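Novice: Spelled out from the first residue to the last, the chains are:
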Amino acid sequence: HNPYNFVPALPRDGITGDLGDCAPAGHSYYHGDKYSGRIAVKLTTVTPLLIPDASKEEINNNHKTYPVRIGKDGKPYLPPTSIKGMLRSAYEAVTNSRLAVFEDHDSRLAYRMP
Amino acid sequence: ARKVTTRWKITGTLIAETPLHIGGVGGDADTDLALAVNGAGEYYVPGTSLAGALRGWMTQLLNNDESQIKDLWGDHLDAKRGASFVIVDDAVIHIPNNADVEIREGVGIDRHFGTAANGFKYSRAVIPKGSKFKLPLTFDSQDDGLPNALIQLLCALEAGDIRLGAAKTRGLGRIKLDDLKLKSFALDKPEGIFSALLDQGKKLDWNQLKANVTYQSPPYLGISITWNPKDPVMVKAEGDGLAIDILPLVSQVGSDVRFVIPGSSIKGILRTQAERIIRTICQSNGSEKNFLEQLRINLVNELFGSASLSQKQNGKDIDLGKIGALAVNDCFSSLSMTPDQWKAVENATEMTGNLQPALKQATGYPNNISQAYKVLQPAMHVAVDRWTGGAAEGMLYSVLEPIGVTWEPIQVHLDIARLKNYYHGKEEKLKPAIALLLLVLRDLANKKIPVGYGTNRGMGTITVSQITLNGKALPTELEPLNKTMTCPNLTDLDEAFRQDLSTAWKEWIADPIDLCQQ
Amino acid sequence: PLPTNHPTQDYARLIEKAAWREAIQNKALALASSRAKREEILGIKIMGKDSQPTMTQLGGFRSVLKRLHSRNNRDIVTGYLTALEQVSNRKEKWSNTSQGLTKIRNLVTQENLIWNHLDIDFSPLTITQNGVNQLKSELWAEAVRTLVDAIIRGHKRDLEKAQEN
Amino acid sequence: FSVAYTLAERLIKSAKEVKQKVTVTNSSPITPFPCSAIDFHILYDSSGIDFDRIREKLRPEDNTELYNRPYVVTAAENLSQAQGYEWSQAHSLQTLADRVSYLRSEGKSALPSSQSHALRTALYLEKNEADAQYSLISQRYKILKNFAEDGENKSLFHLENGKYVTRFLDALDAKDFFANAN
Ligand SMILES: [Mg+2]
Ligand SMILES: [Mg+2]
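Chains as they are written, first to last, in the working numbering: chain D, 1 to 114; chain W, 115 to 632; chain Y, 633 to 797; chain F, 798 to 979.
Misleading hints may appear alongside valid ones.
Calculated pairs, DSS-like style, for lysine-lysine (alpha carbon to alpha carbon, straight line, at most 27 Å) [claimed, not checked]:
#1 W:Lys-317 with D:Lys-72
#2 W:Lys-457 with Y:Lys-698
#3 W:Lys-317 with W:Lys-246
#4 W:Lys-344 with D:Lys-42
#5 F:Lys-939 with Y:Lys-788
#6 F:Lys-939 with W:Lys-426
#7 W:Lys-436 with F:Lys-905
#8 Y:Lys-788 with Y:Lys-698
#9 W:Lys-295 with W:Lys-123
#10 W:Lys-350 with Y:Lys-725
#11 W:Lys-457 with D:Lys-72
#12 W:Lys-561 with D:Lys-34
Quick caveat, the hints were computed from the structure, so don't treat them as lab data.
Go ahead and model the full structure; you've got the sequences and the hints to work with.
Specialist: As structure tokens, this is what we get:
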């Protein structure tokens, strides 16, 4: 198997309800009908996890070596941003939202004749 | 002339205990709000501005009694009184060595979207903490001795109970007096009139007057929150850096720079949660209101204050504005760096190169980067394009995360006298405002109020270890507040007291009137 | 003019700086008011609803120019421009401007250029002998900051008009 | 009073200048056409009271005067057949009284005082700088189309007898001196 595949972004024209585009609930007060609060989550690794610290990287003959990023208490510091982007893209997929990051992609790509 | 039994020259050093701002006419191309400068362009405290701060405090001391205040500060109306007996000169501000005027950025955050409101971006020049200026008072006594209210004033200055200039509730303006000196000239007599002309006066021991009075501090509730960052806490600097795009804000504090969370920022997060609680209880939506109307809701108008706004509300013309009874100080890091040591961080250009020496310097581990990066740690981030993976073209950025900077306890000062004046004296009416404040502090200790930049993006969550409540002269039914709390859920406050506050609070929830409406 | 040795020469110098500062501020307001001049001075322009460059790109430059307190800080501003000019995606943000990056490089590095754009007759504003050359060297960085500040403000509030059509 | 009345004697002479600018067509020797006009002050001073100092101190630049103040109260219908009709319309009190209503109009001010005083300050500058400040504002406050005088919605000044003149400062001055029991 090629190590990547794609989940289809179905077009969303004429979608309605909470899966559709809608005015955001906002931050001014807690809405009587909508849920708020704290979720506690456990994350356990299955294959090894890379958390490379680009601040401590070392360069020899233009090759870069990365250590693991560690926190002030010396344990591996898994950034919340890395978890957030994991969840965000996984959330966009199963919810089928808009894609958050599309670069311009406005040039015609090129190929070669056989 | 005006008969004078004795002229007292009362002088010493005033020090800025937090950054000052006395405003000029305003605007200066460098900042929106610009410091007052004298005719030589030197920064100064106008004697009008200082004289009014002193007269103001005496008026709060003498319970807004006019009769005695006019006998010191003079009057225009009464046929007997006229010119002021206290004279206050202009005083030039001497900023510390190498230090310079700082610019503080400000933003207003839309209460609905949680993002900066349109047009609500501003910046303020401030005199750094530890700047000095001369106390320049003269008093022309027509009676013998020295007025006790004028002695209480000088005791209040030495206690640092007077605030001067703008943004007094949002970090700025505290001053404290040092080196008080009193020179008496007995201008009523030949030996005294020549002393004024030649001999430079008669010394008085301040400690001898300071012994004949008890300093009556007004009602207040001091709140000290002891906390540490659970995720890196910072306020972002004013603009992007070289090796690091996002750098923490720092301020001069005498010889050293320290990381700072402005009181503006801590006030703003507290206000936001206070409003959300009130609007939640009432289910009052915030979305259709513009930002100046979003801010304006009950109890918070008294605690955090409201903008001046004249209204012909009932043919009668009234001002809606009132100052915040709640004031917040700037919170500085325990860690400190020499000013050039941080200038080495601001001007690093290679994250793996010359930045590494600079952070080893500033973190205090000049030979041990693996300890240096347990204090300030550079982080890299990418935006990952959703079709291709990899990274979106251009979307690479880095943060200097103060993962391990330790922070001093936050000081919140609640002016119980100012609320009690808003409620026309009725201490029953304090309990909803005190109840709200304790609910805000309950959330702060439960990680419900993150602080600073990037709160949704891996920063800003604080652990609160201890809240110390230390009020002075509190009314007897609020006297149970004087406590040190370590349970986040306030269970260290007496249940009878928490149950009393809950009752007055619930009775306000059942009818959320404008509580200062007499 | 006052003789150079004159005792009040220090006091006259306070008055001149005040008259110069207000002249520079007033002239900077007028020059920002016209879109041809903002384009002459910084290369910035409006094209339909679009701004060249984006207001964010002007804001980024402006934040650096805040550090230009003295001519010896011009290293700071020229350092920003070279790092910008070295990154291809960022340099091209300023394409479709009228030479904007060179015009900024010039305004910061050519000490005569700010005074030619302001084009103020300072003769009615000075009373000290050798006052003109001294005050020009002193107020240079402030004039650059004032003119750039004015131009970007005037740009944005005309951009709002083209936007709101 | 004796000082304040001496002003009213000088203000009447200015109001009475209509007796030369609006005239019965082809009359000879030229006779004033019947036109009724006001001039008013609002002192805000403790001593000085010289009409000439008063009016030149708000004529800040040789091309510019900040007052349109000899105001015609006669209805535009009656004047339409005199010479100087277009002059009388530029000076019609209804222009001032209208502009005052816009300033007074509103749950909040249509043009904020905060912004009226920004314009007020700039009017004391050169017209180029005065127009510059208006152009910073003119689209943020749609009411400002009514205060324009250029026919372009880009200046508070209109040309008059080679001078530049404005009603904006008369409207700010007189704003609270247009009250009526009716
Ligand atoms: Mg401003
Ligand atoms: Mg870089």
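Novice: So, for every hint listed, does it hold in this structure?
Specialist: Results of checking the hints against the structure:
Taking the CA atoms of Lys-317 (chain W) and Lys-72 (chain D), the gap is about 57 Å. The hint is violated against a cut of 27 Å. Using a Cα cut-off of 27 Å, the hinted pair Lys-457 (chain W) and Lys-698 (chain Y) holds, with the two alpha carbons roughly 16 Å apart. The suggested pairing of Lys-317 (chain W) with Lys-246 (chain W) holds, with an alpha-carbon distance near 23 Å, which does not exceed 27 Å. In summary, the hint linking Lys-344 (chain W) to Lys-42 (chain D) is supported, as the alpha carbons are separated by about 18 Å, within the 27 Å threshold.
Taking the CA atoms of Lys-939 (chain F) and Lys-788 (chain Y), the gap is near 18 Å; set against the 27 Å cutoff, the hint holds. Taken as a hint, the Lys-939 (chain F) and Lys-426 (chain W) pair is honoured in the structure, with Cα atoms around 24 Å apart against an allowance of 27 Å. Only pairs whose Cα atoms come within 27 Å are accepted, and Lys-436 (chain W) paired with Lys-905 (chain F) is accepted, the gap being roughly 19 Å. Taken as a hint, the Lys-788 (chain Y) and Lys-698 (chain Y) pair is honoured in the structure, with Cα atoms around 18 Å apart against an allowance of 27 Å.
Distance check on the hinted pair: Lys-295 (chain W) and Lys-123 (chain W) sit about 8 Å apart at the alpha-carbon level, within 27 Å; holds. Only pairs whose Cα atoms come within 27 Å are accepted, and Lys-350 (chain W) paired with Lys-725 (chain Y) is accepted, the gap being roughly 25 Å. Proposed proximity of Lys-457 (chain W) and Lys-72 (chain D) is supported: the alpha carbons are some 24 Å apart, at most 27 Å. Between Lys-561 (chain W) and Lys-34 (chain D) the CA atoms are separated by roughly 21 Å; this keeps the pair inside 27 Å, and the hint holds.
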